[PDB]
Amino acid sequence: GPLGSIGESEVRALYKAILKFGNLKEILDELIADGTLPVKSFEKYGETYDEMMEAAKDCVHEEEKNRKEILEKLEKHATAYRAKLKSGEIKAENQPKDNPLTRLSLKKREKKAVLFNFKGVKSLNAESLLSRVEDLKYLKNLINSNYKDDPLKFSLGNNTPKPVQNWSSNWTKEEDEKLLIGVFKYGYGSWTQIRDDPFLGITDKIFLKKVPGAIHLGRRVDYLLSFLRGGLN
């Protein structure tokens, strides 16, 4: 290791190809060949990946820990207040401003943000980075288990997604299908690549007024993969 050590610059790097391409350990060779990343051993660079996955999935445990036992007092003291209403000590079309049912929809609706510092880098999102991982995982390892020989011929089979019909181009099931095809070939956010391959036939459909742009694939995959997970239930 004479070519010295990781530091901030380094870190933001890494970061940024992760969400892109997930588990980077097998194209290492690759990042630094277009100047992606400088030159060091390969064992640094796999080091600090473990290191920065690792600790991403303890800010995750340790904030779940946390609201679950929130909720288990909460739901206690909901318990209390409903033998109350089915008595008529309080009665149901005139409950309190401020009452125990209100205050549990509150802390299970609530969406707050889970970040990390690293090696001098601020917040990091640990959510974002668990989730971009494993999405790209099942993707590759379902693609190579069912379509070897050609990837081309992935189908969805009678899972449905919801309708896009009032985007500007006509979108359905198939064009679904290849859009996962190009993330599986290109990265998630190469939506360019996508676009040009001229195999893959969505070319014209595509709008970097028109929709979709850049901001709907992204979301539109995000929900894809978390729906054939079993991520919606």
Contents of the next structure:
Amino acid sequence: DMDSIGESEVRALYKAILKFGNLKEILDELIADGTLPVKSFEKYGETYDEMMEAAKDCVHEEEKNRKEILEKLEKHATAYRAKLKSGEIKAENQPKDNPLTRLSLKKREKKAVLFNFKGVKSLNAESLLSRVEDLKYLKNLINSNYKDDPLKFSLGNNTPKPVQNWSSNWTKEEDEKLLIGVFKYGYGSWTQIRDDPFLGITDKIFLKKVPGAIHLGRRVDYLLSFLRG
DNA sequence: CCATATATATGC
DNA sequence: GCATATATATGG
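Please supply the coordinates for the form deposited with the DNA bound, as a counterpart to the form solved without the DNA shown previously.
The next block holds the full complex; its first chain is the one shown before.
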């Protein structure tokens, strides 16, 4: 009853995981500041575990489905190639929609891997899983080597790809500061990151101009994937 | 209004 | 493969 997990708790929890990753140890803070409605720590912890196992299941299903679809598409593609080569089918004016184009589009397809959870729809299973792993990795990087002063965090000799056509002058140093920002305030907390005078990126973030919120999110994902290898 | 997220077409 | 702008959807 009073400890029941409804849609509002599910959606608040989901959004909090996307900001903080594995937040089981900070439930007390998150309830106290209004991020999560009041429920027991145990219930929120159970719900976290359930939501992450459902994400894992959703991703594993999609991997399996995609694999089988591709295997079948490969065979038709292979059968279509031998006819083109044996001359049975004319290479000189093929339909837009053919076995090779079906295979190619499926291969390059990038679509959200989504599931419904306790009556809340369209939770992104990949986003959940990668954000938890990414934020764990980032926290460990900073707490292993820069625990006493996170502002000293360095990418070292790792050289990330440069941003393309950003409206601000954005270098490796800003990448470092963005990541320290994420460690301090959470993923998606771009206003707080922008406004922190210690981070020196107040004039470099644009919340037309690039980067906005979406570009910053993509850049953090890239950087943490890049560091993790 | 604000926000984030996604399918899509396009370029890199 | 990813990055982006656009149009569009949906929660706040």
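C-alpha atoms forming the largest set that superposes within 1.5 Å between two forms make up the rigid core. Positions refer to the first chain, counted from 1.
With the rigid core aligned between these two forms, the listed residues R109, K140, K153, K162 include just one Cα displaced by at least 2 Å, namely that of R109.
The Cα shift for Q95 between these two forms, taken after rigid core superposition, is 2 angstroms or larger. The rigid-core alignment places the CA of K185 less than 2 Å apart between these two forms.
In the core-superposed comparison between these two forms, the C-alpha atom of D58 has shifted by at least 2 angstroms.
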